[PDB]
Amino acid sequence: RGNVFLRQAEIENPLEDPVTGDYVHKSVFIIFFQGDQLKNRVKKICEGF
Amino acid sequence: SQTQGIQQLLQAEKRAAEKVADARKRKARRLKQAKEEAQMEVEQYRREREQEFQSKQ
Numbered sequence: 199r200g201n202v203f204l205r206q207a208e209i210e211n212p213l214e215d216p217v218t219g220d221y222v223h224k225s226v227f228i229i230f231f232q233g234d235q236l237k238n239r240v241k242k243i244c245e246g247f
Numbered sequence: 003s004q005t006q007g008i009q010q011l012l013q014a015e016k017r018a019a020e021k022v023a024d025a026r027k028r029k030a031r032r033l034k035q036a037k038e039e040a041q042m043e044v045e046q047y048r049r050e051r052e053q054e055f056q057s058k059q
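As they're listed, the protein sequences go chains a and T.
Be aware that the first sequence starts at 199, since it is given in the entry's author numbering, and climbs by one per residue.
Be aware that the second sequence starts at 3, since it is given in the entry's author numbering, and climbs by one per residue.
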């Protein structure tokens, strides 16, 4: 139930990527929950993918 | 806009903290009532018991 505020920005003029070296433009889509187990599961899927 | 809803979250958290404040105030009051009631009870004991000491003497 994504129901928290979105903090979004667009980053252009990138740099070489940490894990592929790709000089690829980025964009952050930030939604945070204060649930602790929810934070853990989100961390799991976010780090894994 | 969004940080304003976060300020509403802060309003709720402040209300909860103030409820903690009310509760700890209540606890302090309750303990002082403990001291007051015990003092009243033991005042009664001392008074009646010394009265009986007077009578026995």
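Rather than coming from a laboratory, the hints here were simulated on the basis of the structure.
All C-beta atoms in this analysis are idealised placements derived from N, C-alpha and C, irrespective of residue type, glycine included.
Incorrect hints may appear among the rest.
[What the hints assert, rightly or not] Short derived list, chain a residues pointing at chain T, Cβ under 10 Å:
#1 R205
#2 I209
#3 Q232
[To be verified] With a Cα cut of at most 30 Å, we get these calculated DSS-like pairs of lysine-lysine:
#4 a:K241 - a:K224
#5 T:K16 - a:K241
#6 T:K29 - a:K237
#7 T:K34 - T:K16
#8 a:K224 - a:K242
#9 a:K224 - a:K237
#10 T:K21 - a:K237
#11 T:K29 - T:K16
#12 T:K27 - T:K37
>> Tell me if the interface restraint on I209 of chain a is satisfied: Cβ within less than 10 Å of some Cβ in chain T.
In response: Violated, because the Cβ-Cβ distance from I209 of chain a to chain T comes to roughly 19 Å (cut-off 10 Å).
> Holds or violated: are the alpha carbons of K224 of chain a and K242 of chain a at most 30 Å from each other?
Replying inline: 21 Å, holds
>> Against the 30 Å threshold, does the CA-CA distance of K29 of chain T and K16 of chain T hold or violate the hint?
In response: The hint holds at about 20 Å.
> Are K21 of chain T and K237 of chain a close enough, with their CA atoms no more than 30 Å apart?
Replying inline: OK: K21 of chain T and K237 of chain a at ~27 Å, within 30 Å.
> Between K241 of chain a and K224 of chain a, is the straight-line Cα distance small enough, at 30 Å or below?
Replying inline: With Cα atoms ~19 Å apart, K241 of chain a and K224 of chain a stay inside 30 Å; holds.
> Does the structure keep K34 of chain T and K16 of chain T at a Cα separation of 30 Å or less?
Replying inline: This hinted pair holds, its Cα atoms lying about 27 Å apart.
>> Hint check: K27 of chain T vs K37 of chain T, CA-CA at most 30 Å. Holds or violated?
In response: Given that 30 Å is the threshold and the Cα spacing comes to 16 Å, the pair holds.
> Is the Cα-Cα distance between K16 of chain T and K241 of chain a 30 Å or less?
Replying inline: 29 Å, holds
> Is the straight-line distance between the alpha-carbon of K29 of chain T and that of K237 of chain a 30 Å or less?
Replying inline: 35 Å, violated
> Holds or violated: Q232 of chain a as interface residue toward chain T, Cβ cutoff 10 Å?
Replying inline: 9 Å, holds
> Do the alpha carbons of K224 of chain a and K237 of chain a lie within 30 Å of each other, as the hint requires?
Replying inline: 23 Å, holds
> Is the hint on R205 of chain a kept, meaning its closest Cβ partner in chain T is under 10 Å away?
Replying inline: 7 Å, holds
Comparing the model with each numbered hint stated earlier shows that hints 2, 6 do not hold.
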